[PDB]
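Starting off, we have a lone chain in the form solved without the ligand, written out as structure tokens.
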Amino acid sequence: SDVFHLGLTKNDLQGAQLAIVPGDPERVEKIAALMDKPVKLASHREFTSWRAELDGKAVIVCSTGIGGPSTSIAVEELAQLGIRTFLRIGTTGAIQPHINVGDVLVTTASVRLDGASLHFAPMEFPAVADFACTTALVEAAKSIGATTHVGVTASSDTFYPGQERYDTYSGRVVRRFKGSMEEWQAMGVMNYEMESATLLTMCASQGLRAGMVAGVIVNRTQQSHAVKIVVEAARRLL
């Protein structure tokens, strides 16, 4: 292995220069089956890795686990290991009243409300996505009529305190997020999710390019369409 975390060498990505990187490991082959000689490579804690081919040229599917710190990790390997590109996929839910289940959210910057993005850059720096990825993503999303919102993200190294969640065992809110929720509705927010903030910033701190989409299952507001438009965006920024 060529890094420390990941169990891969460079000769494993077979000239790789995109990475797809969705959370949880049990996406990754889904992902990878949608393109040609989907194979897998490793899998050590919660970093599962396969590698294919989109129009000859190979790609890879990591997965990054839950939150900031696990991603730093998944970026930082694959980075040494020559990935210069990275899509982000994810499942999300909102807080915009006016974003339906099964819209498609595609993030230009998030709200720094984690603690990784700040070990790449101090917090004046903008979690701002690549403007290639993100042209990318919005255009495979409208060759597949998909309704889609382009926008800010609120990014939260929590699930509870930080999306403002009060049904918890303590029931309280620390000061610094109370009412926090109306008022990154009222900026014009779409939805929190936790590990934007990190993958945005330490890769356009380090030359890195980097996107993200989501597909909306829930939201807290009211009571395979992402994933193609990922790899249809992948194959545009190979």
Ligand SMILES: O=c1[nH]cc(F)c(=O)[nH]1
Contents of the next structure:
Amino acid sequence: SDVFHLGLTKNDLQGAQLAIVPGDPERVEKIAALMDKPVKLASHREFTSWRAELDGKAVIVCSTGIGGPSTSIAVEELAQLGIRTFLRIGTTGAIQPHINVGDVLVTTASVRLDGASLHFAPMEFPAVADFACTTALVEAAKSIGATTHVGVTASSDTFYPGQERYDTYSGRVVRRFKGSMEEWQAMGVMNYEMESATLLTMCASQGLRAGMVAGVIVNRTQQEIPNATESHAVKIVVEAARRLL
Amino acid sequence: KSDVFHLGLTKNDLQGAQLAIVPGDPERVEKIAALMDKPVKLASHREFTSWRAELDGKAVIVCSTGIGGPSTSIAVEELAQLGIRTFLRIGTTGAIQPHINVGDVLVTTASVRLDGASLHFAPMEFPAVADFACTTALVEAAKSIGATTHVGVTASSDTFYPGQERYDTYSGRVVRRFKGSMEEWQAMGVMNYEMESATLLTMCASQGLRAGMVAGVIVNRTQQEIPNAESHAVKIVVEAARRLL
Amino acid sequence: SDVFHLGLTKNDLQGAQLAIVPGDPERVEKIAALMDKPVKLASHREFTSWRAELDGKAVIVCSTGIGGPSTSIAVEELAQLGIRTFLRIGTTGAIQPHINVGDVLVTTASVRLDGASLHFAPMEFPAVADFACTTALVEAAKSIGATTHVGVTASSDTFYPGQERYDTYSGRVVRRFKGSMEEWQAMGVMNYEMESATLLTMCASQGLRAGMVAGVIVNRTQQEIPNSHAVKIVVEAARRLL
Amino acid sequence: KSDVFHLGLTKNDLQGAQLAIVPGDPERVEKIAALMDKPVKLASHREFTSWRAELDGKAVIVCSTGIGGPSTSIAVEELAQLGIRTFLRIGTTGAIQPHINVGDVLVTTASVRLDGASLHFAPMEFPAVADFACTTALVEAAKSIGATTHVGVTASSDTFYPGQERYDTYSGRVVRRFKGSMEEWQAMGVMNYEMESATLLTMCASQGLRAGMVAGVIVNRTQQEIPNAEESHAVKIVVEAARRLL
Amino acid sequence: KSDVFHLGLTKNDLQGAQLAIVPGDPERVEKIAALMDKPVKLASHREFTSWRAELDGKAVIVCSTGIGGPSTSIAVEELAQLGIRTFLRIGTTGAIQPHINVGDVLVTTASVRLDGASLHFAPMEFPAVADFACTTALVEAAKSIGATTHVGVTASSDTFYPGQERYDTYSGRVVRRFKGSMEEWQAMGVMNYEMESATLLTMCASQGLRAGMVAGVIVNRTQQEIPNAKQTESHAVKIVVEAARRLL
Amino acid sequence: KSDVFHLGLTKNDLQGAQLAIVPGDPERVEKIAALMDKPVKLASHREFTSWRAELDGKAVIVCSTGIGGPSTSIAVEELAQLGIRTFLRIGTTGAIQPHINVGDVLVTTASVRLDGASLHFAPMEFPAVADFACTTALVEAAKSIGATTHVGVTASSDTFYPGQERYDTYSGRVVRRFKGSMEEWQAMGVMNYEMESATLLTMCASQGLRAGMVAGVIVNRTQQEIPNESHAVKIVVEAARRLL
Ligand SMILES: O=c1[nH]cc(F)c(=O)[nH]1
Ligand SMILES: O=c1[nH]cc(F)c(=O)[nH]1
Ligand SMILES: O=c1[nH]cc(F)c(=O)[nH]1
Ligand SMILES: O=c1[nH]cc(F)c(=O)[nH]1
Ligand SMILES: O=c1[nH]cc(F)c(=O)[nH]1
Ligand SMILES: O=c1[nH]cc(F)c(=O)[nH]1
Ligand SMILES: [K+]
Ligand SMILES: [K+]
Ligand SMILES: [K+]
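Having displayed the form solved without the ligand, please output the structure of the form solved in complex with the ligand.
Then the entire complex follows, led off by the chain already shown.
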């Protein structure tokens, strides 16, 4: 195929230039199933991809897996195939008391607690979302009347210590991360996730457009682990996609 | 003699103002306040000249910051003590992309942190990112007046010379860190250089203050190092201030 | 389910204390089928987990996906469930001229060109493999007869720029990693992969045992993109560690 | 019609000047100049106000820098393009050692680099160290007039608030890096805080220029955070030190 | 006179030796050399005292490095210029784990880089890892001698005092970076403190030289700061000599 | 017995001494002490040879530090515990400026911190700066004897080879950080390279102790890589008299 990990060819994209990139492979089909003419493209490792049509235009929906490293592979390979706009949709844990489960978060930029971002730009470069993409996400949110918050997100290379979880095997957190939640909290950070800094950084420094939207599944001021609906963040990412085609 | 050590202002002076406009040049403070209703000179200490004015019935502050993040940080901190919650910076800048022309207006989504003052509010991992309401209000203001606008990332440097990789200087040398840097910022899509935005955006975004950033291009570095001897920016910032009140 | 991502209970493990952790979830069944009574436990996201028996004890085979981040999840949730020893098996790109495709590499310690490792120990801490696991892997390779190389591995958060590939959309590599492959080469580094730094660091810093073995699928002194002995080795090493 | 972009000055304006005295406050420039012979205003742009004067026959410049290392780097760079080789900074400062009183004079031998601009001239490992000749001139001037003097290390901060660990602020918080920091600089024997020295000293030491630094104490941080409302030994000392550095 | 600037040795002096044992203390060089055949004193300049001996028909060098990465880096480099390819460090150490006793033997797999010299050879991301053959020979040597042995990670510090979080000092102060650090290394499973291995291991691992590190514990930090002037064992010495047989 | 773990000295051995001259070479200690009154050998353990002597009726210590910051930090700490408050370092150095000649004397105002030990006393932002009274003494002493002197910044390196960008070495490689660095220090007016000043200067300046540093130039790196006098010794002893 045309790309090493994804197993896709330029032919599979049929002219698509926008991709919606969830973290979970099993969500790919459900997102594509909201659009016209969904067709499965390929399934390798953590990269599941579908093609669909939105207003007569081809759109790609491809999973990135968990974390910057695999995310960077999806974005890079999708870029080689002609994608220029990436809309990530994920799940997220909120760290502000006024943000509720079910709420929708739109990320203007990300605190860079990852490692892959640095493979694209030095630390001082901002992991900032594209203005057109963020606008579109914001305006989509309003059109469906979702409770939406816009601002900064913390993007961690780990789910546990980097998000200062203590309910773990070691029950311990390295110095850099000890007390860090309350720090990000005092600094207005809205939430924690694991892909945004890689996605936003590599795209802002390579001429690609990226936006990030997330559904709040747990509030960290209350508990550490989410319980066993996200549909809002999905309807919003598809509707923003339309405005960007 | 007042409520704040450097600005020489009292809370009574602001008369309930909650948004300030912050130029670099003390001289330009009067020119900007005069574009609004009931301009009243308040104080002038060191490089901190401040006027009060009125915009659609509500009090607004205009206050110069001087050159660079340290005096900018003084002025934002003291104005915030006096009740200011939204700051809009208007400035001049050197463009580093060929397609950007002298006279064009740049709106900054976020900045590369090539300064030190920002580090005094948030660690380097934190994004020097503009508020989304301010950025939107600038962009929509620039459209209302029909100015050539570019929206993106700005390199924000603690120096005018080596930090912007100028070689026509006394030493004629540039420290390793910055040698080759302008070409790198160019490849990453950075639009321009200036000296106050990293400090401004970081301190605001990490403390719950809203901040935007707009600038007029006075030189293009692809052509020359030093700008020529010589209004869009000012109109836009006043107009955005109106939309934000 | 007692853990958030893996969908596993302690009951599923039947007392297992050792896991073999490959990157590719489609490789978990093959590895498991080399052992006895292979059973499919769970499969969520990139985490596909099988249980089998070896040396008359329960063993876990569980995929981590690509990169430190999803690796740190698997290792932490398996640890919570009883796993004390982790045997990494992956694929890798060699950067030394004398290392051919089909060779087997055992990592003693890794260059930390990753981020997740810092969520466990500051950069000064070595990303070093456990000495028992490393021995068990090297002796297993001397018995299988494979061509083996032992040493330092460069563990990257990216497949492309971090490994100094230029045939990419941007064709660009950030200042940090520009010229970096020849640097590692000159420092004796054997190969590139993407998970070892995180695994080694989080394990060596929390009283867990880990080791790492990989089969070479490309040699970078020849090309950027690549056109079963490591599997037998990793299974035999686990046999010894039980 | 100038030779430099910010200061609005020509090399002819300096009339052979090779030593500059550099206060922070534009308004203090005339007053310092008048303490010497032939005081004449040169230019005034933004925070850079510049007067020429004469000291024992030799032309001298007095030029403000504004607050902070960024505007200091500019003024120093453009002055050096116009011929200045020696820079004497005169400022105000907040002491953090108990035995140092308001009204005392401080001569900096080197600064803690808590700024950003110094890094545009040298990496962190390089010392923001003052020139030995300037430092000697300042010390011997202070002793000649019998001013209470302290000689040693200064912490130079890119901010007035969080960097000098002030909590009486809008946010009321200080970032991890600076939390507990004032107590540390105290234990380390640091005399005081100010905002320009690290940049000035680093850029001059690494570019073959001579720099000296003397400051008046206007508040003691063991007593209070903000200096009160309100002899002149510091300014007297810098002009006296300049006579020896000519 | 000589071929190298500090050691005062010529290639001829080494008699074709390829392996060196490198203790810290000059006064220990003779003792270790005396354990082998035909001990001969080569040179003694500054803190570099070097003997040559014969182990199993092969020439071997014993050379003291002094305290710290800097002088260690000098010895190793000049010994390398003279043909030495394998380096075995033997020293004393202070344990930070409760279960490690005075007189116990420690074999370092890799080290925490709390030094400066290693950065002159390799960026911090690079592991200060011992050679796998050297480590193996040392562990097997320890088995044969029946020594109480622990294998693991060592913290290698540029100072004796603040870097190893000692407070009974002139200042009684430890800078923020090292404050609370001992207990952090303890929780990360680090066995001990010493002052040379990070530099030794790193400059060797990154320049195609083999190195291994063994040390005898002379104090336990969970008990006291300064070692008593005892349960001391010269096992380490025996271990390194026997390991040298395996590496020859 | 001993009060200090490495030096093997008790406070009784110092007899009130509060100043020490500290060379790198153990072998040099006796020759330096023999320039003063009533020289007596105190102890010699590993690389720390210590002598006591009198200068104008006052006891002074001469103690070797060995090569590098780590052992220097030991000798300084332990002497400090024994009552030493002022340290005068005398060393040898390689000049990196073409105008500085072999045999010239260098006085260090401050050091570029290319070591590791200095960081165990203060963060990197802190200046490795000499004490002004010691520097004044050294400079006026050098003026007193009539030696060719340069005053300024020194580069203090944790290695002799790569940190000082020497390429004639086993691997003939220099890691990225130090590649091109000598030319950089040269352009920043750095005078010279040695290996102990950053540590001695930072630990003394952050702990209320006085330190000065003077060095004799034995090689000029613009001319050659490896070196192939006595003025710095005169100066550090003469300066010792002024600090007493
Ligand atoms: O990285 C995260 N993803 C989802 C979550 F709910 C969370 O808390 N953290
Ligand atoms: O900081 C800057 N301000 C204005 C300019 F024109 C420029 O190039 N740089
Ligand atoms: O991380 C990597 N995995 C597989 C490879 F072939 C390679 O070169 N790098
Ligand atoms: O930067 C400062 N200048 C003057 C002062 F009094 C102070 O405390 N800080
Ligand atoms: O570096 C050290 N060597 C020996 C010891 F006993 C100790 O505690 N630290
Ligand atoms: O550290 C050094 N000491 C002495 C020298 F001659 C030299 O070049 N470098
Ligand atoms: K200013
Ligand atoms: K993954
Ligand atoms: K030594």
